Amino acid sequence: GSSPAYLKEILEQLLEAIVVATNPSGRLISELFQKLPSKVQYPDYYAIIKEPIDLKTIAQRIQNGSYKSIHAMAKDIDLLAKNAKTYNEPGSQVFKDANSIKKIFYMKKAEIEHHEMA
């Protein structure tokens, strides 16, 4: 089984793929997902979203050793995207970027596993 250090490297690879990704315009897809919305500016968000999460939290979990599997990080990516697609609307940039983050994450997860299988 993967050591904590080996797992950390894998999770860091997955996170980096998300945070460096750009749209055609050159804008970072991850920009609005790094930190949760301000509680002062978005009290509606916190009334609506049961378990908020951002990339800062996910990064902290990677650094602290709180994930014990890749699947555990995947569940948090699912949550991140689901929340964004609940608060914002289909066709909005945040909604689109949430789906983009999910695609980037799952593609990289598949690639990492594929390499492990030979």
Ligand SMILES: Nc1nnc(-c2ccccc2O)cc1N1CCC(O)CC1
Second form
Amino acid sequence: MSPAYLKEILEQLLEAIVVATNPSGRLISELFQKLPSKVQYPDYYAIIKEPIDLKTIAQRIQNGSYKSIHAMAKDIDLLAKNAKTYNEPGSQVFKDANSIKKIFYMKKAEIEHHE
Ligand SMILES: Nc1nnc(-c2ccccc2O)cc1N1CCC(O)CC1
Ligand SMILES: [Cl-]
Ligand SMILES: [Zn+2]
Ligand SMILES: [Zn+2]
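Next block: the form deposited with the named molecule bound, after the form solved without the named molecule:
Zooming out: every chain and molecule, the one shown earlier first.
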């Protein structure tokens, strides 16, 4: 894939995450756009050694930093793992983190397998 072709795929994957809603209409990605304040949420940075958010992933797409879909996927996995480490299982944030992963990998398969 050329860098320009790869970028279009990565943009479509991120878009699928950012537009996803639950049956009640809530944008499940909203909380993950921007990392919490280091001033107001210092425990997050004591616990999470490699913080990442969707804004950072979007910038990496614009910068061409990802050389494969897999590289973006690993950053999505890290975002979700961080959220699932900081938040209790069955909490809304924990569930939404898993939902972001499920959306990403479903969309990746739809793109990569379609013929
Ligand atoms: N409980 C949270 N867990 N994760 C995050 C979080 C954000 C972006 C990327 C990854 C993440 O893991 C943000 C959280 N809260 C934001 C709102 C605040 O009021 C309380 C903290
Ligand atoms: Cl992958
Ligand atoms: Zn992979
Ligand atoms: Zn097709």
